[PDB]
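Asker: Here is what each chain is made of, one letter per residue.
2 protein chains.
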Amino acid sequence: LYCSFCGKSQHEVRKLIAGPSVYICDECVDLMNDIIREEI
Amino acid sequence: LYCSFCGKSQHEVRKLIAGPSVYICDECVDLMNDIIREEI
Ligand SMILES: [Zn+2]
Ligand SMILES: [Zn+2]
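Order-wise, the sequence lines are chains A and B. Mapping of the first sequence onto the working numbering: residues 110 to 149, in sequence order. Mapping of the second sequence onto the working numbering: residues 110 to 149, in sequence order.
Careful: at least some of the hints might be erroneous.
Claimed, not checked - Quick partial rundown of chain A residues pointing at chain B, CB under 7 Å, derived from the structure:
(1) 122
(2) 124
(3) 138
(4) 140
(5) 141
(6) 142
What the hints assert, rightly or not - Facing chain B, according to a computed beta carbon distance under 8 Å, are these residues of chain A, among others:
(7) 110
(8) 114
(9) 118
(10) 131
(11) 149
Stated by the list, open to error - Straight-line C-alpha distance at most 25 Å; calculated DMTMM-like pairs for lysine to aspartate or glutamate:
(12) 124/A to 148/B
(13) 117/B to 143/A
(14) 117/A to 147/B
(15) 124/B to 121/A
I should point out that these hints are in silico values taken from the structure, not numbers from a laboratory. We treat Cβ as the ideally placed atom computed from N, Cα and C, and that holds for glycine.
Okay, chain A solo, but in the shape it has when bound:
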């Protein structure tokens, strides 16, 4: 199991969410959050 956004595996990250087919880890969610909130 790997993150469909950054490729990291189930082990390399804290949590891995299940999507329609994809996989989003906690790191990419934090990132998408910054992207959307337009903040760093």
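Here the structure of chain A is known, so what remains is to put chain B with the ligands in place on it, guided by the hints.
Answerer: Quick look at chain B with the ligands alone, frame taken from chain A:
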């Protein structure tokens, strides 16, 4: 353009992010955030 997670269109949401092929809107990012932070 639609959100690969909730199907809403480019117009129905505030922002639409571009992924490797998918599209994640602000609403689904907030959701994924709750899922990961395990909070409501
Ligand atoms: Zn990731
Ligand atoms: Zn969505």
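Asker: Let's test the interface hint: is any C-beta of chain B closer than 7 Å to that of residue 141/A?
Answerer: With a minimum Cβ separation of about 5 Å from chain B (threshold 7 Å), the hint on residue 141/A holds.
Asker: Go through the hint on residue 118/A and say holds or violated, using the shortest Cβ distance to chain B against 8 Å.
Answerer: Interface hint status for residue 118/A: violated (16 Å vs cutoff 8 Å).
Asker: So, residue 124/A near chain B? Judge it on the closest CB pair being under 7 Å.
Answerer: 5 Å, holds
Asker: With a cut-off of 25 Å on the C-alpha distance, tell me whether residue 124/B and residue 121/A pass.
Answerer: Violated - the C-alpha atoms of residue 121/A and residue 124/B are around 29 Å apart, more than 25 Å.
Asker: Tell me if the interface restraint on residue 142/A is satisfied: Cβ within less than 7 Å of some Cβ in chain B.
Answerer: 6 Å, holds
Asker: For the pair supplied as a hint, residue 117/B and residue 143/A, is the alpha-carbon distance within the 25 Å limit?
Answerer: Holds, at about 21 Å.
Asker: Holds or violated: is there a CB of chain B closer than 7 Å to the CB of residue 122/A?
Answerer: At 10 Å from the nearest chain B Cβ, residue 122/A fails the 7 Å test, so the hint is violated.
Asker: Let's test the interface hint: is any C-beta of chain B closer than 8 Å to that of residue 114/A?
Answerer: 6 Å, holds
Asker: Verify the interface restraint on residue 110/A: the C-beta must sit less than 8 Å from at least one C-beta of chain B.
Answerer: Check failed: Cβ of residue 110/A comes no nearer than 15 Å to chain B, outside 8 Å.
Asker: Under 7 Å, Cβ to Cβ, is where residue 138/A needs to be relative to chain B, so tell me if that hint holds or is violated.
Answerer: OK, holds: residue 138/A within 7 Å of chain B, min 5 Å.
Asker: Measure nothing beyond the straight line between the CA atoms of residue 124/A and residue 148/B; if it is 25 Å or shorter, mark the hint as holding.
Answerer: 14 Å, holds
Asker: Is it true that the CA of residue 117/A sits at most 25 Å from the CA of residue 147/B?
Answerer: 21 Å, holds
Hints 1, 4, 7, 9, 11, 15 from the earlier list are contradicted by this structure; the remaining hints agree with it.
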